Amino acid sequence: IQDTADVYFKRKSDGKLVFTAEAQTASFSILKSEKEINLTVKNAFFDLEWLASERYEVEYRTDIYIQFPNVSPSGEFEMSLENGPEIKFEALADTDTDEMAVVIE
Amino acid sequence: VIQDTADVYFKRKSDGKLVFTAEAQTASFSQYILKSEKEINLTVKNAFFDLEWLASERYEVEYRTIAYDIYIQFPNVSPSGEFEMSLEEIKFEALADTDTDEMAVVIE
Amino acid sequence: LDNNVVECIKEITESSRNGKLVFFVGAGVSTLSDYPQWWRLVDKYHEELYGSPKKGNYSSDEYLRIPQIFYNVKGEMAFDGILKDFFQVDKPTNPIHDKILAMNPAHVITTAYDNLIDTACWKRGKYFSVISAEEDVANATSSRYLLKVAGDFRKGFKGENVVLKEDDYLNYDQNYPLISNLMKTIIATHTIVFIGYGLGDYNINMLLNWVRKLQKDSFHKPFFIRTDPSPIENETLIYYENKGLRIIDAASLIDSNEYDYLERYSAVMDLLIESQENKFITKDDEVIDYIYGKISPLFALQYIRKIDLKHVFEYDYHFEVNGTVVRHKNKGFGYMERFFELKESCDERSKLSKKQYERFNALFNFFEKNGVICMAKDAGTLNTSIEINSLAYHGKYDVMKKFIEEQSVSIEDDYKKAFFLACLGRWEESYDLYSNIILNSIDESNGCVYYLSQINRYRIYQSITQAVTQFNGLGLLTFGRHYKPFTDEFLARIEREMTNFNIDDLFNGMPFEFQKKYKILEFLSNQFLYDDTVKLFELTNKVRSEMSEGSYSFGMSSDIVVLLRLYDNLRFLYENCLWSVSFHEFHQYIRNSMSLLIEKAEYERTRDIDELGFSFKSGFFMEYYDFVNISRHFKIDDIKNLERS
Amino acid sequence: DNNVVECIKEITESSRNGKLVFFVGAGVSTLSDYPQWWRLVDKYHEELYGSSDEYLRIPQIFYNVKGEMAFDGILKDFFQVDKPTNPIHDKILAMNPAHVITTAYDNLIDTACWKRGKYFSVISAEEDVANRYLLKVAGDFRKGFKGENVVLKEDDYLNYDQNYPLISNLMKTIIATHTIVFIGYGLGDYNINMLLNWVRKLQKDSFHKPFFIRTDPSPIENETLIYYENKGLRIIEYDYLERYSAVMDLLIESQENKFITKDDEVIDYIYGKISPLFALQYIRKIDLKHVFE
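Residue numbers (PDB author numbering), protein chains in the order written: chain D, 5 to 33, 52 to 74, 168 to 177, 190 to 211, 216 to 236; chain C, 4 to 34, 51 to 74, 168 to 180, 190 to 209, 217 to 236; chain B, 22 to 546, 548 to 638, 642 to 670; chain A, 23 to 72, 80 to 160, 165 to 269, 279 to 335.
Chain D on its own, in the form it takes in the complex:
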């Protein structure tokens, strides 16, 4: 039983991968329950032929699979004078098909 996980970010209009990377950090939070999850993930390479709104989905693998089909990227502006890559994205929630916990053990 291991710890390191690979993450796959893709777009559900063609089922085509956008990028792949390594997991860094999660962030969690007739009554109503208020929980929210946001993910930070380190340096990656993008899709070269992608260069030629929508909905997006994320897969985690470590067999252990954690998937969710409701994400949106938030690329915050940064201003570094030393210079010399961070990816941040959050979860979404619709009404009828509210579902964000896909697990495979």
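None of these hints come from the bench; they were simulated from the model.
Each residue gets a CB set at the ideal place from its N, CA and C atoms; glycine is no exception.
Keep in mind that a hint or two might mislead.
[Said to hold, decoys possible] No farther apart than 25 Å at their CA atoms in a straight line, the calculated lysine-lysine pairs in the BS3-like style are these:
1. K179(B) to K237(A)
2. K398(B) to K417(B)
3. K219(C) to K505(B)
4. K437(B) to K144(A)
5. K331(B) to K537(B)
6. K350(B) to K64(D)
7. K264(A) to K300(A)
8. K205(B) to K237(A)
9. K660(B) to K64(C)
10. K540(B) to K144(A)
11. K144(A) to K537(B)
12. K642(B) to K64(D)
13. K665(B) to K57(C)
14. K64(D) to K564(B)
15. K64(D) to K205(B)
16. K538(B) to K390(B)
17. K331(B) to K64(D)
18. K564(B) to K219(D)
19. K219(C) to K660(B)
20. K304(B) to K364(B)
[What the hints assert, rightly or not] Here are a few chain B residues that face chain A, going by a calculated C-beta distance under 7 Å:
21. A154
22. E156
23. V158
24. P198
25. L199
26. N202
27. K205
28. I463
29. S466
30. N521
31. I524
32. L527
Guided by the hints, dock chains C, B and A onto chain D, whose structure is given.
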């Protein structure tokens, strides 16, 4: 009301001779026969030592400010020495005598 | 491409990073800038003098005959009138000036009457002292010189400021002596690269043969880029080599039209701009010999941090504290990846010279000594390994007494004994041993020990000074006695010995080749651990930020980074025997790092568990090294606060 | 002497701007004690048998008659001693010399300079400029105890133009480009001041009047002062160490507080200090620590 900028005179029980003068910045008070320990700590800046005194041992501290005439006296004290060194402040702690365990005198 | 041109490029690039290169620019850059040319000015002189420009038949005689006829027949006021008429226009400069100045010349010597080069010098940012007259050498402020042979028009448009007549060149020996002396000094001292002419500056070429006949092969052969689009007569090239000239043809690189020489003026110099040593390294034996010549003078140390390694390799790779390598600015051949590929195959290890193969094994032993394990993509799991061999670390005090009392032969062992003597309270004796170490290593062909001894001498001087000032004050109050253990003799001696002694000059103090081989050691040159405390502070903010809420630091976690940086800095400082471990700010660094690690352990043991924590222990274990780090660098109130937390 | 004060001002500014070069003669070697050449001149005078012309002609006959091997032997026993340094070298290094020019054949100044952390490059032979400069204009015994390695006769001074062209040329370059202070000069190198006269004919008004430390035990006469006006040398005997230290203490120390007595002048001094800061619009309090040292 207190202006909170007090001044400290540091004297010696022999002769009542002044050792130095300074101002304090940090002071810390902390905790059948009911036993309770209390500890006092004092921190002053780079003081004005007396060259007359350049010409163990028990010392005393007095601590004066104005409230509008408020004077504090600690009779028994030890200047514990901390040697440090760096590139390019004096700390005291209290002493309680076993005869009459008194620490603070206030003259208002 | 020609390999002699390749090593010429190598010679001028090492001269450039040495900073001892000087560009001579002829008159071609005026032709690139669409400045008014000189031959059409001769045509103007021909039409005004003879009443007709006719066919002209403008020859080398007519270059130096017609303005003389203008001077004696039509006087000097018409010369000033034509000079006002023809040399008053202005135009912006070319990119050629910018890429000329981009190689950072120490000085720049020109033979063009305009002032576009000075404007480009102000555009680059730096200041150069303009030396155009004999009076300008007196008020020469900067060490960087703008030397001017032909003069300019800054002194008005008189005939004395300009020089174009032949008798001016005849009188030039007495007219500008000190300018000629400066020119001869610069061409003697610095490597000079020639540009901007068409092999017609024959008086300057005779001056070149004059330094040739005064210095022979000790004079370094200067370089000129031929910008004539025709193929070069190779016999004339060999004759210029017999004259002692290294000519590189533009047409050997590329050739088109004749007016595209401006583009050719870029192109070869463009080949100079991105000229990288690893670009031409194409074989594996060249790779291992290159990294031997780049690393193996760093055999004299004991331990060096991995984060220092980016100073060696021009930040082409990032070397992180775990031991992996990431390609960052490496745009040429992947020589580090090929190096680890050679480490992968023993069959490729056989395909090498056995001197080079045992060199490869020696560098392998070095990398395993410093714990460099593969690239980030190649490596999988990694292990935290701790090893300290320092006698002073474990407090073998009596063993240090015996080793101090033992026989002293090696000056490296003398340096270790001096570090022990400083650590065992014999501070004046350790200073005497450091001074004798310097006196012995005056000419011992390695300035590394000299650098370390000077730094430790300065630090122990400051330590003795602060100790005697704290002895002068409250120590009398603490002990009831002045109790001074020192006398003023060596105090006055070290006072005069350390008078006007700065610390940042010391990295400048070593020779040029020492700087070029040991720029990695710049860290020791008054702001000790300043950047490392900055990194500790920002990681402290990150650690408390993720401590404030739920988080899951996947894979690498910041406590591992903090712990590895701590142990890397501690091993590098202790193993190479640097006295600055005694100082207070390093103790503050250890205090902050260990307190953050302890707080991380408490927050890990006390946190709640949701489903992902059930879907994903790792408690901190204290060590004997941790016990030493607790005991050496803490104060009673801080660990009382650690008890409280 | 206000000339000495203006010398101190210019030399301190030249040190802060890298425009200061100290000329070394021979008396600084006597300050740390060394064998003296005129005693060997009297040795040659006694040996050859059984004027300034004779000062090199008697060694010239000694080379012509007794040969080179006697020169090698008598230079070995005269130039193999070892001595420590003087604090005059340390005060020179405290004044931070850019380059060193000397004729004395002992490298104790080089060891004193390497006692300091800085690095100089030894320039004695012709191949040295091809690879801070220590200019040995007379050479030394680094390669060997050979007569040709140093200067010994009149013909060396005759052939000095072709023997060392680059040394003299960059020497004149350093002479022009930097302020020069002549210490240790015992008024013997008349060819040097003749070349200075030729450079004075070249330079005229841009000639800076570089300063020569005379310190002859007699006070300088009127004809001598007019001569140094002709030669362009502002003027600065067994107590040479004391007098040189007395001058260089006032040179090195350079107190602004010597000109801080009256209330009026220091107002102008501080106004000169905070002169450029009127251009900026705000400052920081800690930056004032970088103003007044």
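A quick look at each hint next to the structure:
no.: 1; hint: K179(B) to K237(A); result: holds (22 Å)
no.: 2; hint: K398(B) to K417(B); result: violated (42 Å)
no.: 3; hint: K219(C) to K505(B); result: holds (22 Å)
no.: 4; hint: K437(B) to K144(A); result: holds (21 Å)
no.: 5; hint: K331(B) to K537(B); result: holds (14 Å)
no.: 6; hint: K350(B) to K64(D); result: holds (19 Å)
no.: 7; hint: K264(A) to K300(A); result: violated (32 Å)
no.: 8; hint: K205(B) to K237(A); result: holds (22 Å)
no.: 9; hint: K660(B) to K64(C); result: holds (20 Å)
no.: 10; hint: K540(B) to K144(A); result: holds (23 Å)
no.: 11; hint: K144(A) to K537(B); result: holds (23 Å)
no.: 12; hint: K642(B) to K64(D); result: holds (24 Å)
no.: 13; hint: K665(B) to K57(C); result: holds (16 Å)
no.: 14; hint: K64(D) to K564(B); result: holds (15 Å)
no.: 15; hint: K64(D) to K205(B); result: violated (58 Å)
no.: 16; hint: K538(B) to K390(B); result: holds (21 Å)
no.: 17; hint: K331(B) to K64(D); result: holds (21 Å)
no.: 18; hint: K564(B) to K219(D); result: holds (16 Å)
no.: 19; hint: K219(C) to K660(B); result: holds (14 Å)
no.: 20; hint: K304(B) to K364(B); result: holds (15 Å)
no.: 21; hint: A154; result: violated (9 Å)
no.: 22; hint: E156; result: holds (5 Å)
no.: 23; hint: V158; result: holds (6 Å)
no.: 24; hint: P198; result: holds (5 Å)
no.: 25; hint: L199; result: holds (5 Å)
no.: 26; hint: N202; result: holds (5 Å)
no.: 27; hint: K205; result: holds (5 Å)
no.: 28; hint: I463; result: holds (5 Å)
no.: 29; hint: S466; result: violated (13 Å)
no.: 30; hint: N521; result: holds (5 Å)
no.: 31; hint: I524; result: violated (10 Å)
no.: 32; hint: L527; result: holds (5 Å)
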